[PDB]
Structure formats: structure tokens, C-alpha cells
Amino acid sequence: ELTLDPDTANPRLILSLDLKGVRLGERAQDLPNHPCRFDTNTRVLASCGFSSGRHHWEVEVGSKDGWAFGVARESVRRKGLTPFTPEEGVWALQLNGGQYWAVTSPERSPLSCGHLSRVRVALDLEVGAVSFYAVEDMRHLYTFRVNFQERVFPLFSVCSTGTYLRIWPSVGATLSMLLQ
């Protein structure tokens, strides 16, 4: 089963003991600087990535603002403040402003999908797509079609307190997602 990789996690994130959950903590942990660790953006990867095939997992999502999740190409930049965009190799859904978004660029796409509790992620490296479904009726949320050219990892980001993500088998607005 998928677990979060603590060696990639931004030091302000708090991972659960079972390595399935992530939230943002108030203080930075004193962790080893590793080239794979996100040092500024509030991100963490799963410990397993995928080069081929089709893969499912489910993500339990908090009801409040501050999370984004999906997949990232392995070469996603880890160091410095980076954009949270498809150009940087992140393909994700996000909750901010009480609104669900597919994080397209240059403008994000608002989703009129109703309340989300758990989302199934379907990664298809044979055809090149990642799709998101709400589990209670499998209604489609969004699909990114991407010609992935490298290994792809489940990706999780929490940049505000008061929300979380968990694995299962104007100015103020900008600051609120700056470190996503």
C-alpha cells in the first residue's frame, strides 16, 4: 500500500505515525537536508512512483481550505519557492476559498462538484492521463491528459493549518496558496 515518504516532506509538515496522513505544523522540524526534500513548498510525495501501468489510490480530504493533491513528475523541483502549476510537473486538485479547483494554468478551473470527502485518483501511464473521481458516486471531477515522459509520484500539499490529507487504498488569497 502507498505511504508518504518522510524524506521528501517539507519540515513544517506533520506526517502521521502510519505514514498515511499529512497536515501542516506550526514549527519546522530539524530534519536532514536531502536533495529530494521540499524545502519551501509544503509538499510530500509517496514513497512509490510509477513508470508504467495503471494505478488507483484514494485520498481522504479535509473540509477546510489549504490542501492540494494529485501526481507529480519525479523531476518536480524541490528547492526554493516554486510555482504549483502543470508546467512545473504537478497535476492536482485544490481546495481554496471554499471552492474546489483543478489546478490548470494560467487560470485554475473551478469545479462545480459539491462537497468532497474522499477522492479516487486513477493514474494511467499507458495512455497518459490522471483522473479524479468522488468516491460516493464516482462522479468525474477532472482529467489531465499528459504525455508523461518520466516516473510519476502521488503528490500531497497542505499549506494551511486546519486541514489534512490521508491516503486510502487578492493579497490574502495569494498568500494563502503561495507555498502550495
The other form holds:
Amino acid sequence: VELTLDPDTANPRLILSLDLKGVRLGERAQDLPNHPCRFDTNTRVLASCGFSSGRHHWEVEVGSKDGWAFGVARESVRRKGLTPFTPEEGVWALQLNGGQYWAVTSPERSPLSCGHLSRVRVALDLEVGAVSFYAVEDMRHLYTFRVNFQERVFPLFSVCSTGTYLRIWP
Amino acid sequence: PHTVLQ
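What does the same protein look like in the form deposited with the partner chain bound, given that the last one was the form deposited without the partner chain?
After this comes the whole thing, all chains and molecules, with the earlier chain placed first.
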């Protein structure tokens, strides 16, 4: 059973693919019910499956243009109002912005000298407490956040500009 | 600026 994006969490401006694998940002807000689990301001969506224990892999195909960030979020990530996109808010992610790849550390993001990215493998380890990112062509390490996760952790996707996308690949 | 909603 492979991951799919959870439409009930998705910001109403996001457009999810029919197969629930891909996400881009739309030009209008869909008329969707506001549900406590739905991100109402930040351009985020979670997968429908979260993890409380064990080790897990998934892969994310990434657009070549700016606008995306992806990784994992603690389930308690704030859904309502404009919120920071930071580890303190329970978001551990890579981001493409200004033509540069970043690990979204705080208060300053960390630039990654990894070269062009096409698909990224995410390795989540809830037994030791880490989430790691690898570029699939050679499995070169991109970044590892070491976190003592204290709750369920969900795959996280965010697209805040048109002209880029993220897609779960399995 | 363009990423405030990320």
C-alpha cells in the first residue's frame, strides 16, 4: 500500500492529481469544507498515512522550478492561520527557492550543494529519531534532521507558487 | 516573500 495525499488536509488552493499522488498550486480556492485538519492558509497537504514507530521509505518527484518544500510534520503541526515553516512548528523539510536547494533549518536555512534534483528518497526512522533525504540517482545524502519525535509523523508537502509540483512516486 | 505561505 503506497502513500497518497490526503485531500481533507489540503489547503483549498492546492490541486491534487486524480490519482492523489501529485500536488500543484491552483489559481483559485476550491469550495471545500473547513475541517480542523485542513491547512487553511499555508499551502500544505499531508499524506493520508502517518507513522508512530518503525522505519519507512517513500519517494518524491520534484519540480525543477521554485515553490516546493517537502518532508515530514508532527501530527500536531498547526493547521489554522498563517504559521511559520520551521522545525519549531514541527516541520522538517527540504525546499527549492531562489534556484537553490535548502534544508529548512532555523533561524537560518541551510544551503545544499547537491546539484539538480529529480526524485528524492525520504527515510524516516522513528526508532532512533531521524528523517533523511537522498537523491535517487546515486543515493547521495542531502540532509538528515535528528529529532526525538514524540508523536505520530506524517509525510508533508507544500507548494506555494504556480509552475512547480511534488509527486509521490512508488 | 513568495514563500510566506509555505
